[PDB]
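Can you read through this structure? Questions will come right after.
FYI, not all chains are in this one, though none of them got moved.
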Amino acid sequence: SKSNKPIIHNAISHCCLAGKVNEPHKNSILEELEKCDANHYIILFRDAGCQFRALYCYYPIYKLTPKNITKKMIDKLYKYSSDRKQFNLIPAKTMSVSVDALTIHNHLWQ
Amino acid sequence: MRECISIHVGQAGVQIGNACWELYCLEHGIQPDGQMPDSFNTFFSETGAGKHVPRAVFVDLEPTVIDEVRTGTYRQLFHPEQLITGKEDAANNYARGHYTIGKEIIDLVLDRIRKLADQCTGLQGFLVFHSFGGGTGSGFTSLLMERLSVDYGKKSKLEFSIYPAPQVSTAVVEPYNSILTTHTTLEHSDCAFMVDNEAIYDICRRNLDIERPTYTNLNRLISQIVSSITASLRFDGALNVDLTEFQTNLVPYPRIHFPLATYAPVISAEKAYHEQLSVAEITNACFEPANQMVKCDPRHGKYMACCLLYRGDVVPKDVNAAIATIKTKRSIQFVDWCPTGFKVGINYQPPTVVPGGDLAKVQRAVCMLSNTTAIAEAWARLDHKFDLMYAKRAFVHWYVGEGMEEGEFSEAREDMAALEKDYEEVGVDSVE
Amino acid sequence: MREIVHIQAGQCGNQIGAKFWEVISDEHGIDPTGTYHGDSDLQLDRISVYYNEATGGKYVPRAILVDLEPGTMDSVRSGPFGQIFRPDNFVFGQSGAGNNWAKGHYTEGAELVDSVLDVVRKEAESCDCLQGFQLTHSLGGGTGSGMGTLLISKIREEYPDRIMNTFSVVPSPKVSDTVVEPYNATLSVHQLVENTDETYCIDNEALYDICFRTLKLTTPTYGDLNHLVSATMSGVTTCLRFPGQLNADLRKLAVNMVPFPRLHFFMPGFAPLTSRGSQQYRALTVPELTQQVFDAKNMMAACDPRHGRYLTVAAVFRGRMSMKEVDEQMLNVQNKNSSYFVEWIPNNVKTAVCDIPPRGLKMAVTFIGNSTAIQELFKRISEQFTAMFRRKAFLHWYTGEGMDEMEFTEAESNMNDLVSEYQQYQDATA
């Protein structure tokens, strides 16, 4: 029934990859989104400044482009408002349907 | 002392509570500023200066009905930290007040409660005011009742449900809310009062001689019911009652905990004369089928545990004589396994009339909280307002598209169809 | 909060809008300049929902005005209540659609939609939290439907989770003001049942009979029709910006109303409707205003309510009144008319009571009806479509803009899907 596929395509192609510098890089990930049937996609940044590095998906968590993650390595929760077109933070901590993106620890990158 | 705090979820809760905190300031000489020209420490926590503030968390997703509190007469009373607004309401959509929008601001709610439980050395219980109709009143209550009971567990939580009428409704998905806001808050709620709109419109017409009841007038009555359940904390009488004392008397089983209210005397100013309204006269104004403020037939079921809470000048001899007539009368029936099932209570304060209201200055009152069997057929009705809108699968496409499973609707009715037979478990007699 | 962006397309909606903003200005005490002079503070308690406060204490309407030739915009900027708009927002082309649907969605729209959507994107960022996008157009013109169905195919991609209401003037049964308007409306329903949450089917033909019979008007100008449509257009969103006793808003007027994500075609009603001197003959009570509404002659859509059954009803009230009088009469007109209301929706009346009347009245009713009464409207146009396509007349003006016979059978298949689905949920009783 429901999904998040029109939301993430609206979030990738218009917020963090909309510049024409990464326009070949946007096509290098857009064709890897049409070839999956996941009911819940999710985006993992590296910084609080939401630099895009990897695309994931959630089941009611595999690396579409760490491979698997748990509920311990999560720090912040981002919700992409289609109003402002900016990833807003989430006071809630449960990974749910409204949760559009998240961050992880700086231990995982050093 | 014995402190008790108040949460007003939804519009139907707050507009009652705008009249509720209009009413205790009448009973305690309190200015709208919080001034006044020491037993009342339970619904207040005063200042080092002379100013009392309530214990109120007026919480709402939409900002509209909140913004009239900050402009009304009672701006200068509430702490301006308390009144919680938000972006957009759930808008009669249960999957928005519990999953989408109420999930966002749930932590701002519980933390202001957290800064109110510290001031209370002897904290007693909660008074949540909500409906079953709206999306703010349903998804956000069942969100809130789950989180407070995990936080505390050992307190007393009292819902005040504006019950959905059998005949006169102002919503289209009002059966699709109530099965969700009873399944979820079945375990956490502890004594959920049912009050119906429809039977209040009768009592506005017949006993009050008013043909045009504004909601300014309907919520004076439910304010009088709330101001007499909690009349025994703010005042001391002869035979007092507490919020922990209700839940043992009125609730015979962990499932069935739905009392309903009845207040008396409800008469206009012109009919204050022409009768005398004795302590054994207003008691008969309770067990009629007329004044039962839920549209149910009390002669189509039994009373498990009635509960009388009088106030004003009542002499304790006369109650026992009044009760002894009633248990002998025939059409009034009690449950066979419950031998003698009353619970009296007398406070020393009369009800006081709000100026410009529509009740007479009476000398006594009674706020009956009876736990009948007659509400079972109304529970045998909202599933029939449920299934006719479910076999055609109508309106499912709004709940599903906001974070709700399709499989978690036949699960709720399965609990709700199980809740019907426990009322029928009451009516039978295990004959030896 | 809960702001709304108002987009005006076609020749129809701009002349609607030029009277629409003439209406909203008198509810808030707004001069032609843009400043406040009103007498109630509630005019400024929610003034931000259609406005942006400019410097010096002026207000400008949040309204984007779309055309494809400067003919309509020149009339608006000349007239009163027209200079109040922002001159950045007048996004218009030059070449003219020429009442050609395929020209205003493929040829002329593809060079003007870009300079619309950035002006769209400018207005959205100046809001607190956005609610919806109200559009005002036709289903018969080329500009009001080619540019009309284009934006919702672009704005819903920019905004997947807001509410989109189109106040579409629908072609009439009796008079046909365009030879090819069956070809326009069949291509408009294909791009309104897929992307909009609600649609306000208003006709021209039954709009005169309300002017002639009930109102007792001698010469109905369009300045008296759009005068009347603007009342419903503002009456829906007076419960979002004024404190009612029992509040409704544009999302509450979606979930109450629409049982299936295709069947969302509404049809309004308004009351009181008097004459210049015949106001003495009646009393202004909620039992009187209710029975004026549910007549056959007050539904502005040109269809008989009795030929078909209702599903959901939202009679948004205004003015200071009581609540039992509402709740009695809404019950009263369902018991005596339970054959007209369908079986499988119990308590199918959404009451909404506000507290502010229209400017100068005492009360008002803004009915919103959702019925099976427009199954024959989509049996009307889809029959006017088919005979004009078996001979395929007027086809070389659409094929020449990049369009095939393959597309024209789909929209005919799409609308005949909608014929069966009003038919399916009309008699399904259990």
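Think of it as A, B and C in the order they're written, each chain with its own count starting at 1.
FYI, a contact is a pair of C-beta atoms (placed from the backbone, for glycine too) under 8 Å apart; a residue touches a chain by one contact, two chains touch by 3 or more.
K.L.:
For validation, list the number of copies of each labeled chain in the whole complex.
P.N.:
A x1, B x2, C x2
Keep this in mind: only the chains that are shown with their structure count from here on.
K.L.:
Counting C-beta pairs in contact, does B-C beat A-C or the other way around?
P.N.:
If we tally the C-beta pairs in contact for B-C and A-C, the bigger total goes to B-C.
K.L.:
Roughly how many whole angstrom separate the Cα centroids of subunit A and subunit B?
P.N.:
Inter-chain centre distance comes to 44 Å.
K.L.:
Rounded to a whole Å, what is the gap between the Cα centroids of subunit B and subunit C?
P.N.:
Once rounded, the distance between the two centres reads 41 Å.
K.L.:
Go ahead and note the Å separation of the Cα centroids belonging to subunit A and subunit C.
P.N.:
Measuring from centre to centre gives 38 Å for this pair.
K.L.:
Enumerate the residues of subunit C that touch no fewer than two other chains.
P.N.:
Touching at least two other chains: 129.
K.L.:
Can you list every residue of subunit B that touches 2 or more other chains, as numbers and ranges?
P.N.:
Expected reply: no residues.
K.L.:
Would you mind writing out the residues of subunit B in touch with subunit A in their complex?
P.N.:
99-100, 103-108, 400-401, 403, 406
K.L.:
Considering the complex alone, what residue numbers of subunit B touch subunit C?
P.N.:
11, 62-65, 67-68, 87-89, 91-93, 167-175, 197, 201, 204-205, 211-215, 218, 385, 388-389, 391-392, 394-395, 397-398
K.L.:
Write out the stretch or stretches of subunit A touching subunit C in their complex.
P.N.:
6-7, 10, 14, 82-84
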